[PDB]
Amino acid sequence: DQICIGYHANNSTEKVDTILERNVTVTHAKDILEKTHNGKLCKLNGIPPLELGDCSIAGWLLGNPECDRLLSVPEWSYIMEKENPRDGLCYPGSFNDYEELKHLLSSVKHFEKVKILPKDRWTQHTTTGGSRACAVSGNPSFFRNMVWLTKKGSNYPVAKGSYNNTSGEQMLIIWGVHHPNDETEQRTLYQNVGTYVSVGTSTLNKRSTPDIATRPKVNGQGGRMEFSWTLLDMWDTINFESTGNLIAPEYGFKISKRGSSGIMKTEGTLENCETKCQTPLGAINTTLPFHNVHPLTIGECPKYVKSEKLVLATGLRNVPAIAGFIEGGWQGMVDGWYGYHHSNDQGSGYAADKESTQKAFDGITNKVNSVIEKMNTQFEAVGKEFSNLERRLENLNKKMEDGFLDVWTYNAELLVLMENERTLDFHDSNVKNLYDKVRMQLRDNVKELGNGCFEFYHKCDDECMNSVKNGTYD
């Protein structure tokens, strides 16, 4: 008797926005924004982080007496550091090019500590000094990886030494200069007053003298130490010379891996878990192209956007035997998106149009993949530190990052809204196209009732109906 053409309806309450309309219920949708993290700091790629805890990088590398558990250091996946750490330079001072050193460490996963200048080689100097500022359990002490060279007896011979860099790889060497807060101190520690410290390599040429002056006390001392560092190229030789005020390295650090890592600021500790993407708030286990968890992630992560919801409609607008297509969808149809009712005197029911649904289905999955697979991801260490005299560079860096974030957030939202409009128009034009395919065959011999149903002058046997479903009607 009649064939009604319609489309699938469902019990879905999933709502997707488009350019023209907001809060549009659809039968199916895909959320492409990752919103949930584990809450745990995990082992990135199965390799744990270096947990400095309360230690700063300078405290670690210089050997702050309280960073004595960092004298081992297994290979790390990332460096975990508290912001505003407690154990830094126990002897007040400063570290030159410190931010630049921390940047260097973003490409280092392991160091081999090498005793380049054993403390017992300076047989002409006192190598046993220390101070209350670096004291251990009340006993005056000093940085563990360095030698404070002071006068022996009543003299301070010129101190000399060198290393050849035969360690197999480029090495990190740290040294420093002591700046007394009096001349009385300069004389009681070094004997000589018009002193200097000289360090050279095939590329480095530095000579400096201590500045003797009154400064506010920090950690009980009015004196200061400055630290400097260099990288000694393989097969190069570093030469040290001093007439006083030299804090010599005992150890250098060979860079052993040179892979991609990064430094994370977090107040937490490592948990027994693993990830492929880690941010300060916890690991982000996922497959979606975008996330909104935190701006700074280490690992190969989805792109971060300033958005709460990015949802792609994939299904039909959810708009729930004598009607279909025009009046609403069919909640009685469950085998496809588009289909026929086929009511005659043998039976009635629903049948999907498999050709139409399958073409529409594949078009939609290709669309989703075009949206999500065109995002370019890579490993990133996501960040830099700047000194307090580099505010114009810090702000430049911030602007750059915020600028790209706005561009990508904007593009993600507009692409989703434009695609959802297209999705729904696509799905609706497909129903109309099916209706016309049927009206063009069955040209006459069918009365159209204006509600999506075709009534037949020629009575139709189920094989007939079948013939209309397929392209074989006459």
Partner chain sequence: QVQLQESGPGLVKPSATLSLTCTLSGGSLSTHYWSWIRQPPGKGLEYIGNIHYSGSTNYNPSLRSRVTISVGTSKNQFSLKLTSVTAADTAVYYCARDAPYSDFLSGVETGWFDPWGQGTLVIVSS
The other form holds:
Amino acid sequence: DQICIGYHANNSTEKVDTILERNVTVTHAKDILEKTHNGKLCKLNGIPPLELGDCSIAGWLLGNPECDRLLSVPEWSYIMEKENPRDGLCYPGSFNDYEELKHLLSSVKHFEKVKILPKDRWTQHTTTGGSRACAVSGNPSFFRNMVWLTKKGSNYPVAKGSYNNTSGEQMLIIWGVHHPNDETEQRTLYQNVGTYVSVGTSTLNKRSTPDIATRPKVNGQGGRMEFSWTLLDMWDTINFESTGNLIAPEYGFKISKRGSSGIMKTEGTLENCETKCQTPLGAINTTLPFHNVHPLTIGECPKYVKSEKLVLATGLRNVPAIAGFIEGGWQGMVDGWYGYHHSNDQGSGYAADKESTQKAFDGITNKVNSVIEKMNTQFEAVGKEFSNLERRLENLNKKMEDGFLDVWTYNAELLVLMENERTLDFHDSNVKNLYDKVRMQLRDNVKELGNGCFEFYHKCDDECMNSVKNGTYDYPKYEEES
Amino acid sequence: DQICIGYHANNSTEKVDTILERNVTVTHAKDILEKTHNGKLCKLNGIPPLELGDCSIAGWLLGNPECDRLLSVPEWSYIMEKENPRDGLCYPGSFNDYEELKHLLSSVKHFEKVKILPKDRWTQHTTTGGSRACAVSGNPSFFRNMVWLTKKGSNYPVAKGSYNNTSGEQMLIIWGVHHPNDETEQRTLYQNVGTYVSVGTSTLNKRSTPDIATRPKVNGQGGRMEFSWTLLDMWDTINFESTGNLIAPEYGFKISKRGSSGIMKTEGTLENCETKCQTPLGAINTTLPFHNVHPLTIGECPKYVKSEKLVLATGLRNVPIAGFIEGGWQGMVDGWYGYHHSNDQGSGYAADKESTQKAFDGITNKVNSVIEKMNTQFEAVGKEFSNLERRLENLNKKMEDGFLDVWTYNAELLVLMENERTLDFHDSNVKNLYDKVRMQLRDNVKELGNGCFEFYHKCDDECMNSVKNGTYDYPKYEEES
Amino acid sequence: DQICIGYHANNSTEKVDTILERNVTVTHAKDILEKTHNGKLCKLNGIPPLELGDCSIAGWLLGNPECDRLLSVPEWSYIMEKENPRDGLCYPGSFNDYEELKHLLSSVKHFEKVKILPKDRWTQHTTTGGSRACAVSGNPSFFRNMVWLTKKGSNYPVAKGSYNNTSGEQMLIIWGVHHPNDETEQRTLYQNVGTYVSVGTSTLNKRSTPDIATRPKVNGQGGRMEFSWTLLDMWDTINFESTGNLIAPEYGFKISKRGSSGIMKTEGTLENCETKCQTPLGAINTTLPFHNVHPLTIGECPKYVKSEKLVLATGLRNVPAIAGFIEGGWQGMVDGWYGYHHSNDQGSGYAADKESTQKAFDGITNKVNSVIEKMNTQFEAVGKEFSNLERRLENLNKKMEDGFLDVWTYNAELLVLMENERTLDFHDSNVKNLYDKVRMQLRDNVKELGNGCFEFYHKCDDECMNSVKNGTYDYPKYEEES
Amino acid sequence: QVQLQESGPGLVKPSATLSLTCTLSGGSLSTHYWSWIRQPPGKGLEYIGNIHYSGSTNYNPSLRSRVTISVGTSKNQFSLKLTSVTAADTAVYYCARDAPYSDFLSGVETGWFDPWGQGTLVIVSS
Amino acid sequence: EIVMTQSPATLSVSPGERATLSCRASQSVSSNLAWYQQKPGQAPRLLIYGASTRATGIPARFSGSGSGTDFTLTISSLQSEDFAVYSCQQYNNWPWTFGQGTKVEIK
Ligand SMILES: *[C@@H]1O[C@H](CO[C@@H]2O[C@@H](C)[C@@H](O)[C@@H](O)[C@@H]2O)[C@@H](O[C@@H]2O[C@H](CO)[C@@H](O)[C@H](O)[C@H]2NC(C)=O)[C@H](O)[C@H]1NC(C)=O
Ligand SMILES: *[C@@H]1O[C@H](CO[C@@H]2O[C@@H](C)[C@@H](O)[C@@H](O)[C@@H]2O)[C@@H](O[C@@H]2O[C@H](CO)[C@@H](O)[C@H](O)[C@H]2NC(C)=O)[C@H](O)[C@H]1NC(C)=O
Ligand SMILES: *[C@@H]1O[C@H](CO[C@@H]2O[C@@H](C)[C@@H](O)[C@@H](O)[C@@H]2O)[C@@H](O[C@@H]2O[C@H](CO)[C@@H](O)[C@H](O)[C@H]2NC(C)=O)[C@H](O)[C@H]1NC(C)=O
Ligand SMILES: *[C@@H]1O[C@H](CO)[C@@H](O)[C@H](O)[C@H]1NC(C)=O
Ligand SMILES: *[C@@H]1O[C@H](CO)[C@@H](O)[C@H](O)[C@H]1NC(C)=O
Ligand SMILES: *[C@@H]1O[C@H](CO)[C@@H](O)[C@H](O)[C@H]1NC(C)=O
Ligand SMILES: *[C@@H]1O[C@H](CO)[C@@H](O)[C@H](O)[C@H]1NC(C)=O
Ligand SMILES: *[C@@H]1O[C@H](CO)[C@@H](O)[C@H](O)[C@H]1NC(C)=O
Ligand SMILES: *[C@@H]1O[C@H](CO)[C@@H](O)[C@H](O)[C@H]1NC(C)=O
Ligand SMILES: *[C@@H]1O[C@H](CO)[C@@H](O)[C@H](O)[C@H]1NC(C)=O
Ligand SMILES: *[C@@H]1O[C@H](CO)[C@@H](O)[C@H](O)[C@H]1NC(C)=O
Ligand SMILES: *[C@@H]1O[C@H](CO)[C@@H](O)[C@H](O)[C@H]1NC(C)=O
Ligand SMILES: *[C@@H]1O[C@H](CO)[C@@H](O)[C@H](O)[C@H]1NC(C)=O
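Can I get the form solved in complex with its partner chain as well, since the one above is the form solved without its partner chain?
The complete assembly is shown below, putting the previous chain first.
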């Protein structure tokens, strides 16, 4: 008697925006923006972070006596540095090219501490000096990986030593220069005043002299230590020479892994969980192309965007029996998106048009996958350190990141809105196409009712309805009863 | 008798491009690119700029005698620095980390000049030196915020002084070193030759010695003064010590505001107009997402693009007893889509208000999506680089050009893609009325092939004002055929 | 009797991707990604490159004796520097601001070597020094554009000289300082030990003292030469003063062209071909908006993308007689994309609907040109040099370039997929529009057959069908035979 | 501050080894260098040498062949071993702490002794 | 070594009077000289170090100066508690050395 063409509706409250419309309820939707992390600092790729606790990188490498827990450090996946750490240069001072060193340590992971210039090789020098500022259990002490060479007997013979890098890999060497508060200190500790410190390799040629001056006291000391560093290439030799004010390394650091990592600023601790993408706020476990958790993320991560939601429609407008697509609302049809409602002598009921639904389905699936699969995910560390004398460079870096963030956010927002507009138009087109696909086959044997349904002039039984539904209706056989 | 479905046309000459078509005339359009500024340098957010006139930043802060008008400066919204200024380091010299200082002064606005080391504290020294290079009315002079310490009597006692920053905020301190042309000059001014200047704080440890050498004369002098600066953190102390060649600050500068600003390069003056966005060519007053006035703009501004026009169609193609098939209903001024009826009571045009309003709201939302999704933020944009930082300047340029090409390309294609969809949208909407109506009229009408329906049944004003409302009572008209 | 509306199909395997569908086979397509270079290093814009052979920039400008072939270099379009060249600083040393100099030389092209301080002006000095390190045919030698000033007889009078830049353009001046391995060497060569070198201009104020120290030997020598450079602005004067250890320039370099160029790293040679765009792998001759050959390209080039294929559909789905657009496949119609197939008493055959095809054609042409013509092509060199102490900056630069590459690749991939989806949807719409354009005119004088064809009730000959094809069917005259 | 007390036999043979200890009270060795000083009757003081907690030592060049200074494990004691006593070694032996450079720096040479102890007189005889 | 010679062997300076003691080095000791006060029955006490720097716990009546080879110790007004043997120490060489001791006694 009658066959209608219509579409699926359900109880969904999911909403999407489109270019032309806002707050459109749809039957199905896909959220492509990750919003939730787990609140924990996790092992990255199964490898724990280097937890410095209250130590800075300089404190760690020099051997600040309060960083003893870091004297032997296992391979790390990232470094967790507390912002504004306490244990750094206990004996007040400064560290040259510190930001470059922190950057160097990013692509490092494990390194081996190697003794290069054993403390007891320094005969004819006093190697027992220390300071209350670095005291351990009351007793004055010093950086543990460094030797403070001072006068012995009544002399300071030229201090010399060298090291040939036969360790198997490029090595990090740190040394420094003492800068006394006054002349009395300079003479008491080194005998001579007109001193210098000279260090070099096949590429390094650095010579400096102490700057004796009154300075504000820091940690009780009016003096300062200046530290610097180089990388000694494999098979090269580093020479040291001094007539005073030299703080020699005892140890160097052989880089062992040279992998890809970074330094995270965080006050937390390791929670013994695992991730592939770690932000300072917690780990992100997601397969989505975008996230909005935190920009300073270390790992293989989704793009960070400023958006709050990015939701693709995948379904039909959710528009809540004897009418077709014109009115919508077939909540009684749960077989597929597009279909038929037939009524005849044997009975009535809903059926999906499986060919139409599957094609529409595959189309939507491919569209969603294009949006997601075309996004390029790479390992990144993001954060960079700058000194207070590098503000133009720091700002350039910030501007670059803000620039890319606005580009990606804008594109994510419009890609979603433009695609949702096409998705809903696509589905409206597909139901209309069944209406006409069928109308063109039924031709003059039916009456168009104006509501998305066709009335048969001839009697149409369940075998007839099956024939109409899969497109095999035999027009000539039914040119009767009119 | 007859009802037609058609659409609005008018006398518009506005044109748009689409992805498939070029120079398409439309009934309505919106220009989303701002092209006009006012030609003036305006107060920004009600606050005037600092007008340096012919002074450089160094001239201003050191106290070049020709910059007296800048000794006391009220709060400013931006700095107008003339490119290639005249009044700078009158006594020839150089200024270290000058680009970093200019950058620092961007996020500053007002600051207070504070006396830190009063000239008269320098007893046992001569504080009355000067040079013809900085002369005022012939008389030799010097930078007004600086003290040139030279020999007194026959001695140069070690010069010392210090300052504890108890001013209430982080302070800028500038000092320098004199570099003689020769030894005679060094002895005449400082007695000793083996001199040094030492300056420091809890973070600064700077020591240098004069470099005595013959140099080409600049502004008549073969000597040079080297200036440098630091920021003294709140509650820290800066110490100065010298055995000669020290030019001590008398004053330091307390930062007062630390707001968002920038330095503009311009030869103009303040015209006392007001803006929210200022380019070197004039102020921009607009609500549009893009502009093409100038890339070095200070303020909360539209994105700068290289495009010449960005125009969105909002309307229908303007294409001047037939329907949408022929178009041209210039006689219908009620809405975008509508009806034309003719019967025995009368004839005339009417809009389909339901269809027109929905299309209208759609277009409005589309336009707002394009505009509202653009992120507008305050920027200073310009940066200074030294002649030894060419690679960094070039990197900075590349970054800016890169983003500009990305935004221009996207603006151009977003407009073309949207205009193609807009026009397709309107064509779809008028066709949808044709079928919405065809489907309720069904067999009681004849399609004429030109977007009109002829009724078999006589159809009067009440009938026409039923079909137009989507309520044609089909079963009552099944007659007269 | 019958007229059908349908479309073109052919023998084609061109495939495109769309947002909804992958591998649609189309009747026509355009590849907009350039994948092939010619394998050669070409003259750029008709001007040969500067082939340095095994020389470095420092070796070239200083006059390394093994770079004699470069003492009279003609104008170049780009510089070809071998990566890791050998003919560098023969006498071991360092070159300050070397990366800045290499950058400076990018926007230079030709320069003239100008004698500034002739070797024989240095009376009262020995100008015949040299070293086995730079030896030519055994005999000790030195950098040819430099003068090593050493003790004459028993004295080293203060060495002085100057040059006023009256050459006509900004000049590059190189000079250096010798750093002895020990004090014996210092006295043997310069008599005095407490020496300095002082150089200056109206903007340059530099003084430096020798650093005497034991160093690892390089090329047999424990000594080092440190070179530095400045640009002497036109009409300024550079003064030199030394009490020892000065290596004076004999020659300066006058910049002659100052055009845009760059430095390419390559082991190849000039092949005597010509291009407008050159990569290290070969030259690129193309008009397409994107290429995927190499990112370090010098010239006016397409955007580099990470994609493998960017192909726009221009044609119809290629979908291989008595049916219309419903079935498709009119391989017998080669007149245009859209058209008619008619059969009547006089004859039968295919014809294009020229009005419809030309409009669709122009539309597709404009679409393709929009995608290509809106891309901004500018001269670029891309590559930059960084020192080993500038890793944060080198990485910032890399990151910037990678960032832009991901943006352009992503946009290229989606622009192509969105446009291909619209292209095919466009063609389907246009064919249907003929179907309805015709249906609406024929009205009741035809039977719609449901397969994209109409059957006339009235006999319709080869003048009637032409009237239909014209859109001028005179409906009222055919109201008969039904 | 600390007090130092010398202890040991007051009688040594003419061919012998002399051995004296020094005990600290009110403190411990604490990174400082500790010294022994001798005063033969009728003579001025003679410096013998010192020792750091770590075992580093400095001896008067004239007595190197006969002198050992050691600490042990109590961390508040140190001792002097003088070999080949010829009785020219009759003297008052004193222990002392080398003055520290400053409250902040230690473990460095100074050369003046601030805390001294009464001393013990050792007679070498038979 | 550096011989430190004191003179006179004894002073007879009476209570209330200024007492001046001298020390002369065979080699320059710069400013690296200390003075000690020794009494029968007790440990020597440090009075001065660094030629002129007073040791703590020492009254202002004690002062001294000198450089190179020529040094003195001065008691501005001698009290009964100051009758002691005083000595100088050299610490600008190795070994460190001491003078023979100058006794202050009452006339
Ligand atoms: C620094 O050491 C390298 C390496 O020395 C060799 O390998 C060590 C592990 C150890 O076994 C040494 O005894 C070996 O000699 C020196 O480089 C070698 O130099 C010799 C002599 O010219 C040469 O024959 C070898 O092939 C070189 N080996 C390598 C790996 O380069 C280097 O000379 C030493 N540097 C200095 C300043 O002494
Ligand atoms: C530099 O000055 C600060 C501040 O000193 C106080 O505030 C001044 C305005 C004035 O009223 C002074 O007399 C005050 O003492 C010094 O920091 C203070 O140090 C004292 C210990 O001496 C401490 O109790 C206070 O809390 C500190 N105040 C603050 C704000 O931190 C600082 O030590 C001085 N630096 C130098 C080198 O002198
Ligand atoms: C450096 O040389 C310039 C140029 O000198 C002139 O041009 C030369 C090619 C040659 O022909 C000279 O004899 C000429 O005098 C000097 O600049 C000129 O200085 C005079 C003042 O003495 C001035 O009147 C001219 O206008 C200047 N010309 C230009 C082009 O600026 C400059 O002074 C010389 N520098 C030194 C330190 O001597
Ligand atoms: C929506 O329907 C689903 C499945 O039909 C059911 O599980 C769920 O409880 C329903 N929710 C609402 C809000 O109706
Ligand atoms: C869409 O819904 C949100 C609440 O979920 C509301 O805040 C917003 O204003 C709505 N927007 C429109 C255009 O109605
Ligand atoms: C992410 O979540 C899935 C469950 O959806 C879980 O199987 C997987 O282990 C999680 N990943 C990590 C790193 O914990
Ligand atoms: C399609 O429907 C007809 C009628 O029921 C049926 O005979 C046929 O098997 C179905 N599928 C096809 C096309 O084989
Ligand atoms: C169109 O007509 C209006 C009056 O209705 C007039 O104001 C306007 O300027 C005219 N526009 C054009 C382009 O002629
Ligand atoms: C569009 O109009 C502009 C301005 O008159 C003209 O320069 C351009 O060539 C025109 N383009 C086309 C395709 O007609
Ligand atoms: C900017 O334009 C608006 C009208 O759109 C006007 O009301 C406002 O006063 C203008 N502001 C300035 C500074 O010109
Ligand atoms: C396709 O057919 C044309 C003739 O119409 C012929 O020129 C061309 O080579 C053929 N291409 C293929 C792949 O067979
Ligand atoms: C598209 O064709 C290519 C080439 O034959 C093939 O590798 C790819 O898997 C195909 N795509 C899909 C979805 O099958
Ligand atoms: C580039 O290709 C064109 C054909 O499109 C050809 O005529 C020209 O000679 C080619 N140029 C080079 C340098 O290969």
